Amino acid sequence: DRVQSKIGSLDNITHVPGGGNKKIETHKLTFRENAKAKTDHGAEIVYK
Amino acid sequence: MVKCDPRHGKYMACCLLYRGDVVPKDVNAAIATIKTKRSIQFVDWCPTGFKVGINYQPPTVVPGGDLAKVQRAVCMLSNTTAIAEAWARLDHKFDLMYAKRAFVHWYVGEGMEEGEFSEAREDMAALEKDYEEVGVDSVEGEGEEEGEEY
Numbered sequence: 348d349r350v351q352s353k354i355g356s357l358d359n360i361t362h363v364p365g366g367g368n369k370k371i372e373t374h375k376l377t378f379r380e381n382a383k384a385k386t387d388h389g390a391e392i393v394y395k
Numbered sequence: 302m303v304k305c306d307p308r309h310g311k312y313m314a315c316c317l318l319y320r321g322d323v324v325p326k327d328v329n330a331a332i333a334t335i336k337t338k339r340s341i342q343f344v345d346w347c348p349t350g351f352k353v354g355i356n357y358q359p360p361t362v363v364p365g366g367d368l369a370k371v372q373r374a375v376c377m378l379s380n381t382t383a384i385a386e387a388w389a390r391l392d393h394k395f396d397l398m399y400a401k402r403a404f405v406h407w408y409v410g411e412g413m414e415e416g417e418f419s420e421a422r423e424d425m426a427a428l429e430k431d432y433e434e435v436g437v438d439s440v441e442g443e444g445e446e447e448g449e450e451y
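Residue numbers (the deposited numbering), protein chains in the order written: chain O, 348 to 395; chain L, 302 to 451.
You may find that some hints are simply not true.
[To be verified] List of simulated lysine to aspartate or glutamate pairs, DMTMM-like, C-alpha gap at most 25 Å:
{"id": "1", "chain 1": "L", "residue 1": "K352", "chain 2": "L", "residue 2": "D438"}
{"id": "2", "chain 1": "L", "residue 1": "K394", "chain 2": "L", "residue 2": "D424"}
{"id": "3", "chain 1": "O", "residue 1": "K375", "chain 2": "L", "residue 2": "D392"}
{"id": "4", "chain 1": "O", "residue 1": "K370", "chain 2": "L", "residue 2": "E415"}
{"id": "5", "chain 1": "L", "residue 1": "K394", "chain 2": "O", "residue 2": "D358"}
{"id": "6", "chain 1": "O", "residue 1": "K370", "chain 2": "L", "residue 2": "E450"}
{"id": "7", "chain 1": "O", "residue 1": "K375", "chain 2": "L", "residue 2": "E414"}
{"id": "8", "chain 1": "O", "residue 1": "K395", "chain 2": "L", "residue 2": "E449"}
{"id": "9", "chain 1": "L", "residue 1": "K304", "chain 2": "L", "residue 2": "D392"}
{"id": "10", "chain 1": "O", "residue 1": "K375", "chain 2": "L", "residue 2": "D345"}
{"id": "11", "chain 1": "L", "residue 1": "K401", "chain 2": "O", "residue 2": "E380"}
{"id": "12", "chain 1": "L", "residue 1": "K394", "chain 2": "L", "residue 2": "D345"}
{"id": "13", "chain 1": "L", "residue 1": "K311", "chain 2": "L", "residue 2": "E429"}
{"id": "14", "chain 1": "O", "residue 1": "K375", "chain 2": "L", "residue 2": "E417"}
{"id": "15", "chain 1": "L", "residue 1": "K401", "chain 2": "L", "residue 2": "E420"}
{"id": "16", "chain 1": "O", "residue 1": "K375", "chain 2": "L", "residue 2": "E420"}
{"id": "17", "chain 1": "L", "residue 1": "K394", "chain 2": "L", "residue 2": "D431"}
{"id": "18", "chain 1": "O", "residue 1": "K369", "chain 2": "O", "residue 2": "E380"}
{"id": "19", "chain 1": "L", "residue 1": "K401", "chain 2": "O", "residue 2": "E372"}
{"id": "20", "chain 1": "L", "residue 1": "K311", "chain 2": "L", "residue 2": "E433"}
{"id": "21", "chain 1": "O", "residue 1": "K395", "chain 2": "L", "residue 2": "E450"}
{"id": "22", "chain 1": "O", "residue 1": "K375", "chain 2": "L", "residue 2": "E423"}
{"id": "23", "chain 1": "O", "residue 1": "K375", "chain 2": "L", "residue 2": "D424"}
{"id": "24", "chain 1": "L", "residue 1": "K311", "chain 2": "L", "residue 2": "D424"}
{"id": "25", "chain 1": "L", "residue 1": "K430", "chain 2": "L", "residue 2": "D345"}
{"id": "26", "chain 1": "O", "residue 1": "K375", "chain 2": "L", "residue 2": "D396"}
{"id": "27", "chain 1": "O", "residue 1": "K375", "chain 2": "L", "residue 2": "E415"}
[Claimed, not checked] Here are some chain L residues the structure puts well away from chain O; computed CB gaps all over 10 Å:
{"id": "28", "residue": "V328"}
{"id": "29", "residue": "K338"}
{"id": "30", "residue": "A403"}
No lab work stands behind these hints, which were simulated from the structure alone. Just so it is clear, CB atoms sit at the ideal spot from N, CA and C, and this is done for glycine as well.
Same shape as in the complex, but just chain O:
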């Protein structure tokens, strides 16, 4: 049978992505919108 190690260090290679866990701040999402447009025109406006 040509023989191999009785131990087997490879087993945790079954573990899943990841890598790591979270982050999640406690109540708000400030600047995730990455600074695109949020308004239209601009300068002098209307009148009737």
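Assemble chain L onto chain O, guided by the hints.
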């Protein structure tokens, strides 16, 4: 004894209390020089912004170390918009932590609600407008009727 600089607003009220060796007309002559220096600023709806009192029993003071012992003294109590900074700082320092919900878990563990921080911080946002409504002057300017509207 408050660190709002009294130049940062206007008085509405002043209640001063003399004690000791004091004269009713020296008081009167002192306060005319406080009223004359309108640099010391007032709410424009309160011409009569001052109350006096005079009592003849000296200032007495508990002993220890080196301390002055005088024959006359004054307490004043005074209301002024200059304090509104303090309130605008305390409700900002509040809102800074509260937006992250910092320390809120200790409080809510005792049975308090986020509505109660909510009604409080709002009540100071009502009080923000309420120091300032009374801060606005009693005239909104003027314009000439002789000029054309078109």
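Quick rundown of the hints versus the structure:
1. In summary, the hint linking L:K352 to L:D438 is supported, as the alpha carbons are separated by about 22 Å, within the 25 Å threshold.
2. For a cut-off of 25 Å, the pair hint linking L:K394 to L:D424 stands: about 15 Å separates their Cα positions.
3. Proximity of O:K375 to L:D392 is assessed by CA-CA distance (about 19 Å); at most 25 Å being required, the pair is judged to hold.
4. Distance check on the hinted pair: O:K370 and L:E415 sit about 24 Å apart at the alpha-carbon level, within 25 Å; holds.
5. For the given pair, L:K394 sits about 52 Å from O:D358 by alpha-carbon distance, which is inconsistent with the 25 Å threshold.
6. Between O:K370 and L:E450 the alpha-carbon distance is near 61 Å, which puts this suggested pair outside the 25 Å criterion.
7. Taking the CA atoms of O:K375 and L:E414, the gap is about 19 Å. The hint holds against a cut of 25 Å.
8. Simply put, O:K395 and L:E449 have alpha-carbon atoms about 21 Å apart, close enough for the 25 Å limit, and the pair holds.
9. For the hint linking L:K304 to L:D392, the alpha-carbon distance of about 17 Å falls within 25 Å, and the restraint holds.
10. Restraint check for O:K375 and L:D345: the C-alpha separation of about 44 Å exceeds 25 Å, so the hint is violated.
11. Using a Cα cut-off of 25 Å, the hinted pair L:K401 and O:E380 holds, with the two alpha carbons roughly 19 Å apart.
12. For the suggested pair L:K394 and L:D345, the alpha carbons sit about 32 Å apart, so the restraint of at most 25 Å is broken.
13. The hinted pair formed by L:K311 and L:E429 meets the criterion: a straight-line CA distance of about 15 Å does not exceed 25 Å.
14. Of the supplied pair hints, the one linking O:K375 and L:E417 holds, its CA atoms being roughly 20 Å apart against a limit of 25 Å.
15. Restraint check for L:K401 and L:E420: satisfied, since their Cα atoms lie roughly 18 Å apart, inside the 25 Å limit.
16. This hinted pair checks out: O:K375 and L:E420 have alpha carbons roughly 20 Å apart, not beyond 25 Å.
17. About 20 Å separates the Cα atoms of L:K394 and L:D431, which keeps this hinted pair within 25 Å; it holds.
18. Between the alpha carbons of O:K369 and O:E380 the distance comes to roughly 19 Å, so the proposed pair stays at or under 25 Å and holds.
19. Proximity of L:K401 to O:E372 is assessed by CA-CA distance (about 8 Å); at most 25 Å being required, the pair is judged to hold.
20. Under the criterion of a C-alpha separation no larger than 25 Å, the hint pairing L:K311 with L:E433 is consistent with the structure, at around 11 Å.
21. The straight-line distance between the Cα atoms of O:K395 and L:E450 is roughly 17 Å, inside the 25 Å bound, and the hint therefore holds.
22. Taking the CA atoms of O:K375 and L:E423, the gap is near 19 Å; set against the 25 Å cutoff, the hint holds.
23. Between O:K375 and L:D424 the CA atoms are separated by roughly 23 Å; this keeps the pair inside 25 Å, and the hint holds.
24. Our distance criterion of 25 Å between C-alpha atoms is met by L:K311 and L:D424, whose separation comes to about 23 Å.
25. With a C-alpha separation of about 18 Å, the suggested pairing of L:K430 with L:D345 holds against the 25 Å cut-off.
26. For a cut-off of 25 Å, the pair hint linking O:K375 to L:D396 stands: about 13 Å separates their Cα positions.
27. A threshold of 25 Å between alpha carbons decides the hint, and for O:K375 with L:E415 the separation of about 15 Å falls inside it, so the pair holds.
28. Distance check on L:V328: its Cβ is at least 56 Å (rounded) from any Cβ of chain O, clearing the 10 Å threshold; non-interface status holds.
29. No Cβ of chain O approaches the Cβ of L:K338 within 10 Å, the least distance being about 46 Å, so the stated non-interface status holds.
30. Not every CB of chain O is more than 10 Å from the CB of L:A403 (nearest about 8 Å), against its label as outside the interface.
Violation of the numbered hints given earlier is confined to hints 5, 6, 10, 12, 30; the remaining hints are satisfied by the structure.
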